[PDB]
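I have placed the structure first, in the form of structure tokens, so that the comments after it can refer back to it.
It is the complex with one fewer protein chain than it really has, and the rest are unchanged in position.
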Amino acid sequence: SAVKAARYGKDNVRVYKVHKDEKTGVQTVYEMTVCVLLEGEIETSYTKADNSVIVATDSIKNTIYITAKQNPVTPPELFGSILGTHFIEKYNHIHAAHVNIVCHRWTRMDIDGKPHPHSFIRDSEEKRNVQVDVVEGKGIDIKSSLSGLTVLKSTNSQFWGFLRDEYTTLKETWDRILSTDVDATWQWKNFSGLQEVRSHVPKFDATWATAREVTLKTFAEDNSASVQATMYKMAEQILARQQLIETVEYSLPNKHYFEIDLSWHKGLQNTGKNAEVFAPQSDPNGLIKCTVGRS
Amino acid sequence: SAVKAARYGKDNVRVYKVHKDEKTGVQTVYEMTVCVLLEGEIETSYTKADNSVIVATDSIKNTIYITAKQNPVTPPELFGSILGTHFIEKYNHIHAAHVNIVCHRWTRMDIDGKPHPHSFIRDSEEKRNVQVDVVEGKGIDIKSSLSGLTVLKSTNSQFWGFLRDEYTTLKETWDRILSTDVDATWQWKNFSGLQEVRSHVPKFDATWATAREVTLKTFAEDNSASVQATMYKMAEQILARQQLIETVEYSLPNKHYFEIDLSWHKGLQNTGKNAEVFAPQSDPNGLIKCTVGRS
Amino acid sequence: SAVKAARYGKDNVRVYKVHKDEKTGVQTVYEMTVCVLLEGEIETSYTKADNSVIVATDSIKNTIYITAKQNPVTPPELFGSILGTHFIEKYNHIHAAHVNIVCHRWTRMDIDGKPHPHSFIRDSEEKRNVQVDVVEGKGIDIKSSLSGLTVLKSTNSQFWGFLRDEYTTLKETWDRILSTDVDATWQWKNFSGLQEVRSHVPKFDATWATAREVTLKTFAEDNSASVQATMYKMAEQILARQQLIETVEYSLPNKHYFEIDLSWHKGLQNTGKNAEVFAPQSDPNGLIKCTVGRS
Partner (left out) sequence: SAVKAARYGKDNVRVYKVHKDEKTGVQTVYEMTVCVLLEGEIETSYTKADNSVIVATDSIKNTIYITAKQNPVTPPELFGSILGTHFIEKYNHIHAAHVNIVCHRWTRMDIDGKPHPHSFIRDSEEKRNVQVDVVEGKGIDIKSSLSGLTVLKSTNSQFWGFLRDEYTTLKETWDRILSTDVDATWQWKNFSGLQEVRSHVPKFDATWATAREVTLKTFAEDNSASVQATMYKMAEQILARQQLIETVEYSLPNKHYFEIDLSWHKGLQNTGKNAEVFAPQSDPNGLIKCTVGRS
């Protein structure tokens, strides 16, 4: 037998950082969960019990805190790239670092219509994420994403004209509820190294904002022919607005809300045009994915 | 042996309702999870296998949908009272109904600075809840609550002057992070029945809004001496603003964020005045409760 | 306003303890999650920012570890009583301690038909729990429980003869699946203090074992007329076997498995006597409770 692939590191490292403006007294907080996995010439730790090649996972944890202390942690694309680069430069035998960062929302509170200097609220479990793969001699590959954005529209969704055969019971519809949890990922062109990532820093927050805005607007405004058709429209627009993105991927559950026939009870009318009360279904759910790139 | 207490019913009933304004085209959605448990002269179903006394839990589920179809589902205090009253009036041998409702957020989307007619976002997992106990001959008792409101302030929290003995290692502090998930419950004076609940309908949404606002403002503005002192200030204000509330209860976890000493690494300074990077602790957590009533 | 009730302490304190037999080399592990909440003359910490009355929650955490170091942690009824008693004896102004303990399963592995001296498996998320309330001048009240015991029987469950009215759609049945997650609690007679709890130590593990065995046997063997009837039979037997128990409470979800009519597809027969494939329902679920005591 032989080691075909191996990676190891530290997962679920929670980090908080505060920035304090001495002049204005305004404080800004960042909270993330970080995972770092390393690859390189480490096979002997598996095959020969040779621990000399192992950078202890506890040391990786220390490194994350030290790096957060000495560098900005925003945008996460930059922080991930700094953190990944550290390991390949510091350790001769480590040749790849894989950094995943989940950013948690701490939104500044408005008290009496004014932004509070040091108080924050978690407005939703929506996350902004990055995956950064730093590979020695092959640059920095960055995938940025948003996830956990949960939306619903109560009309202006249709689904008709699908394949009908002996397995089909679903009725065609011209008016249904559409609800999903959005997972959207945009993959950046490969970067040669940290200097190049630094040169593009302003694009990271702007592109996240654009992806979010396009997702929300398209969902709200499209008279949707299917999840497939609506998600394609989203991806198309993102690619049009940021030339440094190579591909956009969406993964969307179709969270079903079923009509409830109440006609058995005193002829009560609750279907089609008369539908007011619905039963949200926890499972099963449709799952629709697509990756869109450039012609 | 004898049956000392018994209750049964249906839990986790998900319900969605849409309201459509024909004039404006604006649609408004409500989504809830409902639990109904009944008590009464049902001992024989346990002791003698006498099912004749059982209103099937499946029928309770049907009743929830039918009641939602025929009545407003907001404010939840009113809907819960209608639903509970139904069971005690309909069934001679049922003498109490216990209704719990969790309301999920579907917040209208703003697209290009304008409210969208039929598109919604789940902005946070904060819930608005009610517990309604309808007891034949004893009226309607309603406890309203908010939960899952997660907040953090990065300064203006202190904790010093506590008891110190041979079990104590905690250092006094004049500047710490304070973060909690707020669970706040206000208990209404007993209502004689549905007519009285209906007469107070406007107070329910207003009091929820007031409780939320007082919680957020007090948290943001108090230079907190402890969780205990800050939560008391919140409860005091709520009681002052709504005379129909008898008691307010808060239950607050103290979600700890620990300093990280980095001095072992090149004398790096990250504690006290120099603290910038912290380690959020998932467990254990302080838990602080109090119930405040009128003198 | 006035403080009507108040309690505070530390939740989610994870503890592991190992016992090492020097003679045999056999090691035995215990893992628990502990919560301790205190009450007493602590109102001024809420109303006057007087922290002098507060035993810091961090100190409570320390106390749990120290107490686990110096005392046996099994049976949990004894450990909880020692821990609770400590606070009321140590602190003049603390008059009640509320201790909740959840015990996690670490079951000794059998390797080649032999018990391994120091290796363990988590066989299921079933828990053994205790709630101990130590109240100065009123002794020690202990509620013991098991929870998270998930079972299913594929036949020998019926449900017919229930109330039928205009809200009822459920068909009577003489053969259905019955599945539940068992939560069972037995409440001990009040104990005067630690000496009395110590005197009954052997009864705690034996009664837990009896409760588990009676639950499993009755579920497996009863030709069940309803959840209500079967659970009553369980509680009856437990009370008969341990005179020091005052009441037994069961809380049982009815986790539904629905027939799937496949007759629309080539006349395929999958209902009633021909039912083979079913759809487990995640929600809603029946919830049935009862508390049984002595005549």
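Letters A, B and C name the chains as they come in the text, with residue numbers starting at 1 for each one.
One rule holds for everything that comes next: a contact is a pair of C-beta atoms (placed from the backbone, for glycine too) under 8 Å apart; a residue touches a chain by one contact, two chains touch by 3 or more.
Visitor: Hey, which of A:106, A:159 or A:186 is the one touching the hidden chain?
Guide: For the chain that is not drawn, the touching residue is A:159.
Visitor: Looking at C:122, C:138 or C:294, which residue reaches the missing chain?
Guide: With C:122, C:138 or C:294 as choices, the missing chain is touched by C:122.
Visitor: Just to verify: which one of A:25, A:193 or A:284 makes contact with the chain not shown?
Guide: In the full complex, the listed residue that touches the missing chain is A:284.
Visitor: What chain C residues would touch the chain not displayed?
Guide: Against the left-out chain, chain C lists 14-19, 27, 29, 31, 62, 65-66, 68-70, 106, 109, 111-112, 116, 118-125, 149-156, 177, 216-217, 219-221, 257, 260, 262, 265, 268, 270, 275-280, 282.
Visitor: Write the list of chain A residues that the hidden chain touches.
Guide: Residue positions of chain A that touch the missing chain: 1-14, 35, 37, 42, 45-47, 49-59, 61-63, 66, 91, 159-163, 165, 167-170, 225-226, 228-229, 231-232, 235-236, 239-240, 247, 253-254, 283-295.
Visitor: Given the full complex, what residues of chain B touch the hidden partner chain?
Guide: Within chain B, the residues that touch the unshown chain are 166-167, 169, 264-266, 282-283.
To be clear about the criterion, only the chains that are shown with their structure count from here on.
Visitor: Per the centroid of Cα atoms for each chain, what is the distance between chain A and chain C, given in Å?
Guide: About 38 Å separates the centre of chain A from that of chain C.
Visitor: So, what's the distance in Å between the C-alpha centres of chain B and chain A?
Guide: 30
Visitor: Could you give the separation in Å between the centres of chain B and chain C, each centre being the mean of its C-alpha atoms?
Guide: Between these chains, centre-to-centre, one finds 25 Å.
Visitor: What positions in chain C touch 2 or more of the other chains?
Guide: Where chain C meets two or more other chains at a single residue, that happens at 167, 169, 283.
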